[PDB]
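Here is what each chain is made of, one letter per residue.
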Amino acid sequence: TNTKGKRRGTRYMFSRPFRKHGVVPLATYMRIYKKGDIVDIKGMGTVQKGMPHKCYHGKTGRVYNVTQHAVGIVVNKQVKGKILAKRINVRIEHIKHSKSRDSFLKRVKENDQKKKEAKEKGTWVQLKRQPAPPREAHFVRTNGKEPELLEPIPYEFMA
Amino acid sequence: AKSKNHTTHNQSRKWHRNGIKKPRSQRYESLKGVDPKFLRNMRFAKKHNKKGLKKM
Amino acid sequence: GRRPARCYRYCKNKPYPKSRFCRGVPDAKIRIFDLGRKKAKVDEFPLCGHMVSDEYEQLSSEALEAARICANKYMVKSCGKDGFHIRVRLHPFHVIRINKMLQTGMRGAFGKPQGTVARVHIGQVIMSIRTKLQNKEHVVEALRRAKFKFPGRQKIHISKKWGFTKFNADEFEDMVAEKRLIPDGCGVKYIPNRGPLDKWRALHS
Amino acid sequence: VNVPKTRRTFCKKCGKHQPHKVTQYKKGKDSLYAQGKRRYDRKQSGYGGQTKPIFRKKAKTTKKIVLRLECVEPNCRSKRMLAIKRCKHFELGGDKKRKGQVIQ
RNA sequence: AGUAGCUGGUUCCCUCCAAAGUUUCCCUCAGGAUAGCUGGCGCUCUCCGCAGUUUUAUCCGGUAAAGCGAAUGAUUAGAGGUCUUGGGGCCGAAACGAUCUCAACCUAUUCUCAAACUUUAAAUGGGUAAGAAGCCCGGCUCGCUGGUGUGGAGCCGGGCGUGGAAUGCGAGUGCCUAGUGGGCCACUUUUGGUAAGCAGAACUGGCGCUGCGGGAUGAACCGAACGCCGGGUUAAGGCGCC
RNA sequence: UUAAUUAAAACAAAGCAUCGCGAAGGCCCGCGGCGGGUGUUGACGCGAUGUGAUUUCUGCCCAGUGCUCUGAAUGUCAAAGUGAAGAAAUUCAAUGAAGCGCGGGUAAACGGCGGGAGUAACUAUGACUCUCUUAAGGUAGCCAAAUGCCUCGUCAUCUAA
RNA sequence: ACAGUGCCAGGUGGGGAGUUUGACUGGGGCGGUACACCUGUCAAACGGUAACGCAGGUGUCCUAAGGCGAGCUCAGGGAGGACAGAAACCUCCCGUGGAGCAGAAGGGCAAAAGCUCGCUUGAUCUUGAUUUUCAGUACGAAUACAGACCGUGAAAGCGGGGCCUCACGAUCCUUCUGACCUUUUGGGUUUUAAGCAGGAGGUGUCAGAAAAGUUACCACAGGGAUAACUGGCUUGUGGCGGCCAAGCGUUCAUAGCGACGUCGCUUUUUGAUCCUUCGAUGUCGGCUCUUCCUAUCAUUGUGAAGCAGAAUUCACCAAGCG
RNA sequence: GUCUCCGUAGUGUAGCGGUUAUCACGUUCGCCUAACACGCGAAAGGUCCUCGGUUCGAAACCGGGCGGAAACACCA
RNA sequence: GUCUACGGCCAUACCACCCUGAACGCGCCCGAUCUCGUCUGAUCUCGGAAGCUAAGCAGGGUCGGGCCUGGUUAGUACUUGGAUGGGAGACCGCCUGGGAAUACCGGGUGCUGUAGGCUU
Ligand SMILES: [Mg+2]
Ligand SMILES: [Mg+2]
Ligand SMILES: [Mg+2]
Ligand SMILES: [Mg+2]
Ligand SMILES: [Mg+2]
Ligand SMILES: [Mg+2]
Ligand SMILES: [Mg+2]
Ligand SMILES: [Mg+2]
Ligand SMILES: [Mg+2]
Ligand SMILES: [Mg+2]
Ligand SMILES: [Mg+2]
Ligand SMILES: [Mg+2]
Ligand SMILES: [Mg+2]
Ligand SMILES: [Mg+2]
Ligand SMILES: [Mg+2]
Ligand SMILES: [Mg+2]
Ligand SMILES: [Mg+2]
Ligand SMILES: [Mg+2]
Ligand SMILES: [Mg+2]
Ligand SMILES: [Mg+2]
Ligand SMILES: [Mg+2]
Ligand SMILES: [Mg+2]
Ligand SMILES: [Mg+2]
Ligand SMILES: [Mg+2]
Ligand SMILES: [Mg+2]
Ligand SMILES: [Mg+2]
Ligand SMILES: [Mg+2]
Ligand SMILES: [Mg+2]
Ligand SMILES: [Mg+2]
Ligand SMILES: [Mg+2]
Ligand SMILES: [Mg+2]
Ligand SMILES: [Mg+2]
Ligand SMILES: [Mg+2]
Ligand SMILES: [Mg+2]
Ligand SMILES: [Mg+2]
Ligand SMILES: [Mg+2]
Ligand SMILES: [Mg+2]
Ligand SMILES: [Mg+2]
Ligand SMILES: [Mg+2]
Ligand SMILES: [Mg+2]
Ligand SMILES: [Mg+2]
Ligand SMILES: [Mg+2]
Ligand SMILES: [Mg+2]
Ligand SMILES: [Mg+2]
Ligand SMILES: [Mg+2]
Ligand SMILES: [Mg+2]
Ligand SMILES: [Mg+2]
Ligand SMILES: [Zn+2]
Numbered sequence: 002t003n004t005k006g007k008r009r010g011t012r013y014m015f016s017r018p019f020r021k022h023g024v025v026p027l028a029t030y031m032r033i034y035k036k037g038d039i040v041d042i043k044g045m046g047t048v049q050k051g052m053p054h055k056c057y058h059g060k061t062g063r064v065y066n067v068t069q070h071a072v073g074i075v076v077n078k079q080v081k082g083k084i085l086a087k088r089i090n091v092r093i094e095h096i097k098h099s100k101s102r103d104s105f106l107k108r109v110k111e112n113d114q115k116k117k118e119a120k121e122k123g124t125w126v127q128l129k130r131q132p133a134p135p136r137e138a139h140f141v142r143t144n145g146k147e148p149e150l151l152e153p154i155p156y157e158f159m160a
Numbered sequence: 002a003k004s005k006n007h008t009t010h011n012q013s014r015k016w017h018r019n020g021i022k023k024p025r026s027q028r029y030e031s032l033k034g035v036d037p038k039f040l041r042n043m044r045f046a047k048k049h050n051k052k053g054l055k056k057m
Numbered sequence: 002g003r004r005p006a007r008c009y010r011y012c013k014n015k016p017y018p019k020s021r022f023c024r025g026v027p028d029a030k031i032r033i034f035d036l037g038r039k040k041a042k043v044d045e046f047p048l049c050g051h052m053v054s055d056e057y058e059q060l061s062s063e064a065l066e067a068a069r070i071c072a073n074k075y076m077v078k079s080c081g082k083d084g085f086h087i088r089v090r091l092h093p094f095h096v097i098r099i100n101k102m103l112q113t114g115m116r117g118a119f120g121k122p123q124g125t126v127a128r129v130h131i132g133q134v135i136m137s138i139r140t141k142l143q144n145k146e147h148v149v150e151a152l153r154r155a156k157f158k159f160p161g162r163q164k165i166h167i168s169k170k171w172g173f174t175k176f177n178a179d180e181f182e183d184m185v186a187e188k189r190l191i192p193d194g195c196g197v198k199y200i201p202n203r204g205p206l207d208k209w210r211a212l213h214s
Numbered sequence: 002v003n004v005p006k007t008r009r010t011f012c013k014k015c016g017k018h019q020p021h022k023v024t025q026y027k028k029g030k031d032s033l034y035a036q037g038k039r040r041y042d043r044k045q046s047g048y049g050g051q052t053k054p055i056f057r058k059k060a061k062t063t064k065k066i067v068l069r070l071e072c073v074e075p076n077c078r079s080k081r082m083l084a085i086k087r088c089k090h091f092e093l094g095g096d097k098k099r100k101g102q103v104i105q
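Chains as they are written, first to last, in PDB author numbering: chain T, 2 to 160; chain b, 2 to 57; chain I, 2 to 103, 112 to 214; chain o, 2 to 105.
No farther apart than 30 angstroms at their CA atoms in a straight line, the calculated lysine-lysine pairs in the DSBU-like style are these:
hint, chain 1, residue 1, chain 2, residue 2
1, b, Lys23, T, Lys43
2, T, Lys36, b, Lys51
3, T, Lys55, I, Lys15
4, T, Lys55, b, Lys22
5, b, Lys23, T, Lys97
6, T, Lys129, T, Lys115
7, b, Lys3, I, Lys101
By construction, these hints were calculated from the structure, which means they are not laboratory data.
Kindly produce the complete structure, drawing on both the sequences and the hints.
Here it is, written out as structure tokens:
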């Protein structure tokens with residue numbers, strides 16, 4: 002069997018990337034995290050305090066508490082057949098603002114502006130996204146050239 | 002006699018019979034675990050809300 | 002003494018090198034990988050024939066040692082002790098274990122080291138012989154005999170490279186004329202159009 | 002493991018940091034009139050032999066050292082127990098380590 | 001009528017749903033408790049919510065492969081410098097004087113490698129988001145923070161519905177609960193072993209609990225899952241005769 | 001002698017040798033007693049063991065474990081009793097029966113009874129020597145024996161083998 | 001005035017009584033601890049994942065090796081300097097860490113987490129929340145806060161042990177600490193006792209019985225979950241047979257052999273496993289008797305020899321008969 | 001094979017983390033004897049089995065090798 | 001064009017050598033009374049302004065090493081899902097999708113925020 006040790010199996014997970022050791026850039030501490038934010042957890046081995054447990058590396062959660070150095074995150078953890086909402090305390094070195102919602106937030110604004118710009122114009126615009134449709138018909142110009150004939154090459158034993 | 006030791010075989014089949022439900026979400030979340038100092042003031046902010054009722 | 006090589010013919014286990022976790026490995030049977038005129042310049046032996054493996058398998062250090070002797074003896078007999086240069090291209094790094102019986114049974118059955126084997130792939134070169142061009146038939150016969158010391162299928166293939174170099178034989182000579190290749194003994198050094206111009210001066214002065 | 006014979010720690014009576022005398026704690030002798038010892042004697046009296054377990058399979062080779070702190074303020078004289086981790090050798094007020102010295 | 005975690009038995013029909021041999025604790029290993037799997041009773045709503053799926057964004061990773069003229073470790077061969085050290089000599093009066101020569105050393109090369117190496121780095125995969133609990137305004141409360149009527153949180157009123165990817169589907173919730181807790185097999189991956197119809201794992205699917213067509217025969221293979229029937233057509237397999 | 005798978009080399013035996021005891025005793029029975037057996041007995045006896053006729057002999061070891069013997073000279077040592085403190089429960093101290101520790105004896109008590117190296121004028125041996133070593137270091141005898149793994153030991157005899 | 005008896009107390013007491021005499025486990029025992037923990041790997045790029053799988057560690061150590069601040073920079077190497085050399089001390093230069101950080105390993109660290117000084121006790125007092133194993137219980141360990149008291153620094157800050165991942169222990173009992181504390185039963189005072197809170201004494205089989213053997217005189221309930229035959233899969237070992245041809249055979253590889261290598265067959269060897277049989281399949285050998293195989297010793301018919309004869313050796317069809 | 005244990009001058013042997021590696025025998029030198037022997041006075045002589053590691057320092061402590069000696073191998 | 005103080009990302013910014021630097025700066029530099037600290041005013045601290053870009057620093061250079069980024073390697077290796085495909089096996093091919101990394105070749109060699117200077 003395996004040991005129940007807290008940091009077992011994190012030889013590569015928590016190590017620093019190649020040629021990125023040493024000082025922690027100070028903009029890691031200048032980020033502003035607010036209640037209700039979405040953050041990606043990524044344990045950093047340089048700071049051994051507030052280190053999220055390995056099961057939370059690479060999971061994204063919601064900030065519910067902010068203290069002097071860490072935040073409280075509500076992050077889903079699956080244990081057998083159930084998913085629990087777990088409240089962890091993680092120092093702000095090990096998290097980073099998620100960009101997932103931005104492409105949504107960027108869309109929310111452009112939609113509301115289009116919905117307001119087209120409304121005053123008495124027209125109709127597309128707001129919902131759509132999956133890529135099958136490409137429509139088109140002509141391909143040969144430009145007075147014959148397509149290159151291709152043939153399979155003979156087998157040659159390159160040993 | 003020796004016997005089998007461990008297996009998770011057949012387990013994901015049992016987990017999915019009643020579905021792997023995500024946690025229940027309500028629009029109000031409990032204030033359990035939030036900073037005591039911050040919460041002490043939040044109670045004080047709610048306590049005196051009636052003061053500015055007339056201005057509102 | 003040792004088990005029939007059919008017991009270890011297949012690459013079943015992960016590579017098991019002689020390291021600090023595997024101690025007590027006996028020395029390999031093959032200790033010499035080059036013989037012939039190792040000191041011949043790159044240009045004396047333009048021909049190179051390979052014995053190529055058709056099978057993914059393990060070759061024992063005994064079969065590598067046996068083939069080396071088999072191939073070498075026929076070359077010396079037909080081209081002279083200074084008319085060729087052989088290079089065995091496989092080193093027996095994977096270690097095979099033995100669970101020696103006479112009783113515990115299958116309890117505590119992890120085995121002690123027994124020997125070493127080289128793990129070869131399909132298309133990988135087992136050994137190579139470079140000599141002069143009028144020894145093309147002798148090279149083919151030297152390698153054809155060595156195949157009988159190995160399990161599985163091999164192919165003898167005459168390379169289009171120049172000797173033991175990585176450059177095509179047909180364009181080797183011109184590259185040497187343009188000083189893109191500088192002989193360094195058994196092989197050549199490649200001169201790119203890079204780095205301090207001073208080197209270019211020394212080559213072209 | 003060496004501990005000073007004095008330390009400046011929190012006194013609960015004084016409610017502030019105070020100097021303290023540090024000594025090792027020793028179990029006192031067992032009273033014959035503790036209710037559990039009274040109950041034991043009554044149960045062990047008569048026939049039947051032993052009536053409670055007698056522990057044999059000792060495994061620990063050390064004990065947790067308990068320091069008996071005592072406020073030095075004349076009026077307070079409050080005492081407290083303070084446990085440190087296990088150690089095979091414990092001394093109070095040993096010689097302090099010196100650095101850069103020839104080891105004779 | 002001693003106890004028995006152990007062996008043997010346990011009596012009518014139909015209808016509906018339908019397992020487990022796994023987690024943790026146990027002087028626990030032929031047994032229990034425990035969660036999971038099951039059934040029953042419902043109830044709260046519905047005619048927004050959800051998903052063993054994709055799509056679009058966004059993170060996580062160190063396996064496959066690859067690398068070793070990149071760090072660690074392992075390893076073959078030549079070549080160029082060499083006095084900065086040693087082995088053989090060798091003129092000697094003898095020295096770092098001369099003469100070589102083979103070693104080590106350094107410099108670019110070169111063959112071959114890693115489950116407990118790595119600069120790189122897949123596929124498959126794991127989180128999250130895809131709106132009304134949102135978006136935007138005006139105001140009030142604070143003992144919290146504060147150059148600042150700052151900051152953050154809370155509360156109040158108000159305006160916005162093209163319900164903001166595809167597909168499919170009604171959901172949620174609460175009590176009581178039995179049996180199980182010996183498993184075994186196959187594709188792929190995989191540890192030990194010479195190997196085993198051997199021992200041990202991952203994923204999924206099976207047999208167990210399951211008939212049926214085919215594989216002559218057969219727990220698992222291939223096809224396909226079953227109310228009692230008629231007609232038609234198929235699957236996998238077949239069409240000398242049986 | 002194992003009725004009903006073992007008739008024997010097992011048990012017994014005479015012989016031999018240890019042990020306790022002079023009766024308020026030794027050994028033993030019994031819930032109990034002015035109880036009972038030996039005992040209607042008295043050391044040439046009774047009680048407890050071992051070996052096992054005769055013949056010859058019965059070596060060394062008391063460290064271990066047992067048994068036994070001496071004891072206020074003297075460590076520990078219960079109850080009771082003595083003293084002191086205290087309001088008392090209680091606490092403390094002193095004193096110290098056997099038994100243990102201390103010291104002798106005892107093996108026909110249970111039992112035990114070594115290792116290495118050199119060395120004689122051919123070689124082999126090694127009477128002899130040095131060394132480490134335990135409470136003694138297996139003596140007189142006897143042996144591939146019902147006891148010796150190696151082992152179907154080696155030589156001889158018995159056989160054609 | 002003791003024997004003695006009655007009742008207490010200490011010793012002795014397998015003469016006798018009751019009881020126990022772990023578990024895992026390629027049968028059990030012996031062996032080991034995979035029984036409580038930690039690192040790397042296995043492990044198939046989230047997490048999880050087994051074997052008596054692999055390589056290792058643990059039951060400690062530290063008044064500083066805890067806390068803060070300041071100043072410095074390490075291993076190794078090059079070149080110099082009296083005695084001085086491979087190695088003492090001084091100097092300059094290069095030096096991404098190739099050192100050090102208690103220990104196993106892995107991660108982390110360069111005006112620091114390392115070395116040296118200075119001041120110190122955040123290793124203190126206190127209520128909750130969280131994380132890890134997980135049943136989302138306990139312990140242990142750990143994480144953010146909050147309330148006090150302090151240390152340190154010029155200060156921002158940092159610190160409620162060790163840079164991180166290990167270093168540990170329920171109920172009952174006992175012992176210590178805390179309060180102008182509660183109770184101590186009709187009331188009061190005082191001893192005592194019991195409570196309430198927090199430490200310690202230990203259960204290592206580490207969620208925690210108080211525990212030696214033998215049975216061949218043996219017993220019962222079971223087990224083919226499990227060993228001792230046969231049989232089955234396997235064939236390492238055993239047996240038998242090919243391929244290559246360095247050599248042997250005076251010469252000559254192959255008449256006859258055949259190294260180094262390598263490919264098979266068989267189940268007349270022994271193993272490995274544990275599928276059938278423990279409400280029983282009678283367990284060695286011999287005797288008897290029949291049959292079958294060929295991997296042929298003889299005999300029939302043949303090929304080849306380093307076959308003159310004779311004798312022998314290799315090979316073929318061959319199991320009729322011995 | 002599991003487990004325990006041991007290697008120290010030429011021989012047998014000690015070594016209470018800091019020894020001028022202890023003791024006896026042996027060898028060498030000088031005395032004594034006509035000479036030898038005993039005996040008296042002096043001296044040399046340890047690859048501490050080997051590699052590596054912790055340690056300020058290891059013959060010792062800790063693992064891995066090379067030899068060596070023990071106790072176990074039972075129910076069938 | 002560019003510097004100084006404080007920065008963000010943290011080599012396109014590093015390392016080696018060479019050339020050039022107007023003005024203001026930043027430095028080198030001169031001293032030790034005071035503050036402060038040393039074996040040593042070398043460093044640290046302090047008071048200065050004679051001299052100099054020699055060095056640091058800045059910009060530029062090198063068929064420069066590194067770094068960054070492309071190409072090639074290559075639709076290759078590997079891989080999801082499929083077959084009563086091949087093969088004694090070892091393995092391999094195809095179908096449906098995804099798709100790397102060296103050697104080799106090219107290009108590039110800091111951007112930028114706040115505050116304050118210099119530069120007709
Ligand atoms: Mg089970
Ligand atoms: Mg394997
Ligand atoms: Mg009593
Ligand atoms: Mg009955
Ligand atoms: Mg049971
Ligand atoms: Mg228990
Ligand atoms: Mg059963
Ligand atoms: Mg990994
Ligand atoms: Mg690989
Ligand atoms: Mg069961
Ligand atoms: Mg299996
Ligand atoms: Mg099985
Ligand atoms: Mg069943
Ligand atoms: Mg089913
Ligand atoms: Mg079916
Ligand atoms: Mg068939
Ligand atoms: Mg029909
Ligand atoms: Mg048919
Ligand atoms: Mg009878
Ligand atoms: Mg006797
Ligand atoms: Mg005695
Ligand atoms: Mg005896
Ligand atoms: Mg004897
Ligand atoms: Mg004798
Ligand atoms: Mg008794
Ligand atoms: Mg008894
Ligand atoms: Mg057992
Ligand atoms: Mg995975
Ligand atoms: Mg510092
Ligand atoms: Mg605080
Ligand atoms: Mg520290
Ligand atoms: Mg009264
Ligand atoms: Mg018996
Ligand atoms: Mg008997
Ligand atoms: Mg059998
Ligand atoms: Mg064989
Ligand atoms: Mg010959
Ligand atoms: Mg069975
Ligand atoms: Mg039967
Ligand atoms: Mg029968
Ligand atoms: Mg029968
Ligand atoms: Mg035949
Ligand atoms: Mg100027
Ligand atoms: Mg100065
Ligand atoms: Mg200049
Ligand atoms: Mg360049
Ligand atoms: Mg710039
Ligand atoms: Zn006090």
